[PDB]
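As structure tokens, one chain now follows by itself in the form deposited in one PDB entry.
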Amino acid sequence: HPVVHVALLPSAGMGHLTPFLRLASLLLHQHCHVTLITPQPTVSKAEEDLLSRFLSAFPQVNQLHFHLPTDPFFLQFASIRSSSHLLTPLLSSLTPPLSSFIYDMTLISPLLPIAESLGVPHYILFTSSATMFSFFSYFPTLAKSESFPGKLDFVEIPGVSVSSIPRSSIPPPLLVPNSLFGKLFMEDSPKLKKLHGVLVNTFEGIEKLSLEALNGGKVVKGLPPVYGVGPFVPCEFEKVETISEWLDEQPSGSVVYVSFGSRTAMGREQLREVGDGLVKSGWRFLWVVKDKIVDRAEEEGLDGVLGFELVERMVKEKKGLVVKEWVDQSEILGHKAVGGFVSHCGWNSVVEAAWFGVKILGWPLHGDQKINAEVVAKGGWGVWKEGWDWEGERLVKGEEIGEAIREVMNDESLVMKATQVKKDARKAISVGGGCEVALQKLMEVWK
């Protein structure tokens, strides 16, 4: 019996490894021989731990390694992109015969020629939102102007979920000429037409308009088909028990879970304004803290990071729990005791909240996080304060944070729309949904 051999190449960061491994699980449950390529060394320890648990759960995955010669994650983005065009010997000698190839969206330019020489249908996995991909697709046109970048107050793509993207929501690095992110956007987006398709962890329940505009040509004429293979359901290998038991003693829909991702640390005095606003809200909270970008370099303890003033106020309540570790976020969002999510609006944690029907308080910080926020705000199951701006540009006080939390928690209008998203997320994976329809199409082509 023949085989459908799928090779996967993720990039640095849990925001990229987690959706790739969930995609790998979906393919493995579709009887695909999966080859997973991991560049070494991995940036974070969570990437190290997740891979060791994934390959312990799926030992039939053909794992291939290779070594490599600003931000630590944005640097490994280059050491994979720039250094190792010597990825061809790993891909061109795969047995059983390769059937397809899916690589990270941040590696389009160097991997596109490698993929074209493999003679198999090749795709990208866009870990962010389809609305963000439409921005990535439409970027070469608005940068082509002489008005770029100084004169561009609004980005307007026809038919996407966010019709009017103000300058405030554009990633700051893109507005600066000769930026590393500007170099990548101009180098990759024109090469999108060479691809056989784009896979996005999203579904019609949240980005109905963006998927219809991309596949309708109304964004860029000739774009490859965009397959909404979301929502990526969290698998069992992702879990690594105080937090497990503390949530069992809290009322349902009363804990506000706060996490700003895996690769973002707040400023020390802005971080202390969060805990100030948490206790000022009178609500139970589960706050995940990061003092550094990479979890390996966590130097100082929580008593020194939060300060003696806020530490005195935290333990006086026992109403909330603060940790500075890697937690099973999908295990927290799935708990019935959680009703609110203060999130940096990274697309993985956004779709996860959509999967568990948890309303979101959006606090975007860098990059695409502001676009993903208004994508949620359009859906009616989340709020985000536009004047709070990016991380570092402003000091959001604890009084505003406390208000913004109390605003979201007692707003049942969001919950009524948060469960509707949860209902559509289940229909997306059932028979006839957008994901199962798209997966069976790609499966039949790879034979």
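Residue numbers count along the first chain shown, from 1. For the two forms, the rigid core is made up of the largest set of C-alpha atoms that agree within 1.5 Å on superposition. First, how it differs from the form deposited in another entry.
Once you line up the core between these two forms, the CA of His85 is the only one from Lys194, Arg167, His85, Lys336 that shifts by 2 Å or more.
The Cα position of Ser99 differs by less than 2 Å between these two forms after fitting on the rigid core. Annotation for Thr264: C-alpha shift of 2 angstroms or more between these two forms, rigid core superposed. Core-superposed comparison between these two forms: CA of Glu325 displaced by less than 2 Å.
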Second form
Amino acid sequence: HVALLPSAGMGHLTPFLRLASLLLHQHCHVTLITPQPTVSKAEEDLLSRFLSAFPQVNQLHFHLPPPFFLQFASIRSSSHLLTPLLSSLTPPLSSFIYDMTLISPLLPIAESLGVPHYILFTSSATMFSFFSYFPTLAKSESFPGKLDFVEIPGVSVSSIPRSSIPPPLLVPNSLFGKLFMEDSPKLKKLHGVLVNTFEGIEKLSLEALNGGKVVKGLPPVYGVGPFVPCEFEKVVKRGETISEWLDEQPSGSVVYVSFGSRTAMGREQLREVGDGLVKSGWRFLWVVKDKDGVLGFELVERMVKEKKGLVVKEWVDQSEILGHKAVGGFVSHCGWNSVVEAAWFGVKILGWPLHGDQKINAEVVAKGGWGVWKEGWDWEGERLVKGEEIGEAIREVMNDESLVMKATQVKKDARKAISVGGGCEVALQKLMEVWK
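In place of the form deposited in one PDB entry, output the structure of the form deposited in another entry.
The text that comes after this line covers the one chain and nothing more.
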């Protein structure tokens, strides 16, 4: 009997539900805790689709008294209500896996339950190394003053520059600066850490974390990746216009563009993207999240006259788009869920990091030889990226055939990490043994 507790946002619900499907295939009774009311509507649609596809999982509604960063506080300010709810649950609990962003309030709840508790870090193992090494960094008070490189011993990336550090982690009086300083030292009071990654993309960082090389006192970190897309996420769209447009395209020519689940780009930066998409000469599938006269007349004309581009304002099926053979490139913000998905389908990535851990995730892909990202573009809002750079970068990636070779073997390593040897297969087997 395992209990799951995802955080707000599709970036945390998607890997948690994919973790549930893999646990259910290992014959388990999984209890999915849902902090309701949920934030986004896509979270509501994925839950009911997953709960209907697996009616055997237990849904424990975590009701909170009266916006992704809004219920952030309401969960930890009311986390003392899950103690009567989780303890009044039979079959008796055997393990607990919650989100890393909830490691601060859920640790006293998990220790007072008597079960081996874990966290599920929804990002890369290299970023988890930066999260673990962060206490050791700030202790040397020459920070952020004289900090040029963050050299964590044995991680996949060489040396994390100051440019790749999340900006709020350097300024005083910052929330994530204080969140990292209290959540990271709590990692020692855990039984382990599950990360959506495999050896084919993060071999060194996984061996550095398990070898006690980042920081001392770390529990065993498990690479239960990749979290391959499942069928409960598939929406039966009555139109299905996107998949049928990709069918009439030569395989490997469409450039999929998506910046995640929020897309906080301004109206200025959105104009140059579409301006660079048509200036690259390649066909594109641009997914935009408004949360409207942004595109230009001659830009919309060239997208229709040349007959190459699709622009959608909807929650698309990214699994089918990346899995479609017509897609040969991926312009991504390097969110780790989209990275592991692109690694599963063997689609090379043009990294465009925006905030947070996306510059580190972009270097993990670039180190593997199946991704390219320009360091000069900086974070979102630092400066305007012209469409000439966008078209030039897209042409540099789609013409680079060696990226497809490395992305193909990463797909092979991903297909081998869940079947024959399977780091995901073994680690999940090694987790069922401690959950006796």
